Amino acid sequence: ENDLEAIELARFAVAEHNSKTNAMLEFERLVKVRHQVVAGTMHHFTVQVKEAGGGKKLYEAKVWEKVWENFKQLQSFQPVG
Amino acid sequence: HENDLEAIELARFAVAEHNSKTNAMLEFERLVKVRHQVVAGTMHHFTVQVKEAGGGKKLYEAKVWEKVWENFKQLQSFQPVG
Ligand code: NA
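Chains as they are written, first to last, in the deposited numbering: chain B, 24 to 104; chain A, 23 to 104.
No lab work stands behind these hints, which were simulated from the structure alone. Yeah, the Cβ is synthetic: ideal placement off N, Cα and C, and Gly gets one too. Where hints are given, some of them may not hold.
[Stated by the list, open to error] With a cut-off of at most 30 angstroms between alpha-carbon atoms, the simulated DSBU-like pairs for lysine-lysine come out as follows:
(1) A:85 - B:80
(2) B:55 - A:85
(3) B:79 - A:95
(4) A:55 - A:43
(5) B:80 - B:95
[As the list claims (entries may be wrong)] Some residues of chain A that are not near chain B, with every Cβ distance over 10 angstroms (derived):
(6) 23
(7) 27
(8) 50
(9) 69
(10) 92
(11) 104
[Claimed, not checked] Derived, one-sided and incomplete: chain B residues facing chain A with beta-carbon distance under 10 angstroms:
(12) 27
(13) 47
(14) 63
(15) 66
(16) 73
(17) 82
(18) 86
(19) 88
(20) 92
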């Protein structure tokens with residue numbers, strides 16, 4: 024593939040896999056490559072909300088937000104208690 | 023800090039999203055604790071040919087997570103493909 028950078032990472036994946044599983048696999052060649060840039064901030068929020076009707080409660084929220092791209096996403100939202 | 027408006031607006035987003043998805047009927051009151059985790063890296067997807075022993079050949083899809091501003095890489099998954 025002439026792509027020595029990606030091959031080195033492929034060999035590492037094989038080595039790591041063998042290390043975990045004793046699969047005894049031998050790297051032969053890299054047939055497909057894809058590089059996914061991930062750049063963002065994982066926000067952890069503790070939030071107080073007013074429930075219906077009246078009671079106040081605390082929730083833990085987790086929000087994923089990208090920096091170079093217009094994208095935010097609620098990962099999880101569960102009661103603290 | 024939980025007093026930065028930028029953070030509060032995101033907390034508002036969280037509450038609104040939860041209401042939209044689950045009909046939770048919650049009203050944002052305040053943001054009491056904030057934590058920012060920077061994430062910067064590359065998720066590599068590789069289809070790799072290996073030799074067993076076996077000793078036949080087989081294809082695997084590997085995922086490797088790698089941070090760019092830190093010296094860290096990690097095997098995420100290693101699955102056999104048909
Ligand atoms: Na969503």
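Verification of the hints:
A hinted pair counts as satisfied when its Cα atoms are at most 30 angstroms apart, and residue 85 (chain A) with residue 80 (chain B) does not qualify at roughly 39 angstroms. For the proposed pair residue 55 (chain B) and residue 85 (chain A), the alpha carbon gap of about 12 angstroms is at most 30 angstroms, so the pair holds. Between residue 79 (chain B) and residue 95 (chain A), the direct Cα distance comes to roughly 43 angstroms. Violation of the 30 angstroms bound is thereby established for this hinted pair. Proximity of residue 55 (chain A) to residue 43 (chain A) is assessed by CA-CA distance (about 23 angstroms); at most 30 angstroms being required, the pair is judged to hold.
Of the pairs offered as hints, the one joining residue 80 (chain B) and residue 95 (chain B) holds, with about 24 angstroms between alpha carbons and a cut-off of 30 angstroms not exceeded. At roughly 12 angstroms from the closest C-beta of chain B, the C-beta of residue 23 (chain A) stays outside 10 angstroms, upholding its exclusion from the interface. Separation of residue 27 (chain A) from chain B is adequate, the least Cβ-Cβ distance of about 14 angstroms exceeding the 10 angstroms criterion. With a least beta-carbon separation of about 6 angstroms from chain B, residue 50 (chain A) fails to lie farther than 10 angstroms from that chain, contradicting its non-interface assignment.
Residue placement check: residue 69 (chain A) does not keep its beta carbon more than 10 angstroms from all beta carbons of chain B (closest about 3 angstroms). Distance check for residue 92 (chain A) against chain B: the nearest CB is about 13 angstroms away, which clears 10 angstroms, and the non-interface claim stands. No Cβ of chain B approaches the Cβ of residue 104 (chain A) within 10 angstroms, the least distance being about 14 angstroms, so the stated non-interface status holds. Restraint check, residue 27 (chain B) versus chain A: the minimum CB separation of about 14 angstroms is more than 10 angstroms; hint violated.
The interface hint given for residue 47 (chain B) is met, as the beta carbon of that residue sits about 6 angstroms from the closest beta carbon of chain A, less than 10 angstroms. Taken as an interface hint, residue 63 (chain B) checks out: its beta carbon lies about 5 angstroms from the nearest beta carbon of chain A, inside 10 angstroms. Taking 10 angstroms as the C-beta contact cut-off toward chain A, the hint placing residue 66 (chain B) at the interface holds, the least distance being around 6 angstroms. About 4 angstroms separates the beta-carbon of residue 73 (chain B) from the nearest beta-carbon of chain A, less than 10 angstroms, and the hint is met.
For the restraint placing residue 82 (chain B) at the interface with chain A, the shortest Cβ-Cβ distance is roughly 8 angstroms, inside the 10 angstroms limit, so the hint holds. Given the 10 angstroms rule on beta carbons, the hint for residue 86 (chain B) holds: about 5 angstroms separates it from the nearest Cβ of chain A. Checking residue 88 (chain B) against chain A by beta carbon gives a least distance of about 7 angstroms; that is within 10 angstroms, so the hint holds. For residue 92 (chain B), the interface hint is violated, since its Cβ never comes within 10 angstroms of a Cβ in chain A; the closest pair sits about 13 angstroms apart.
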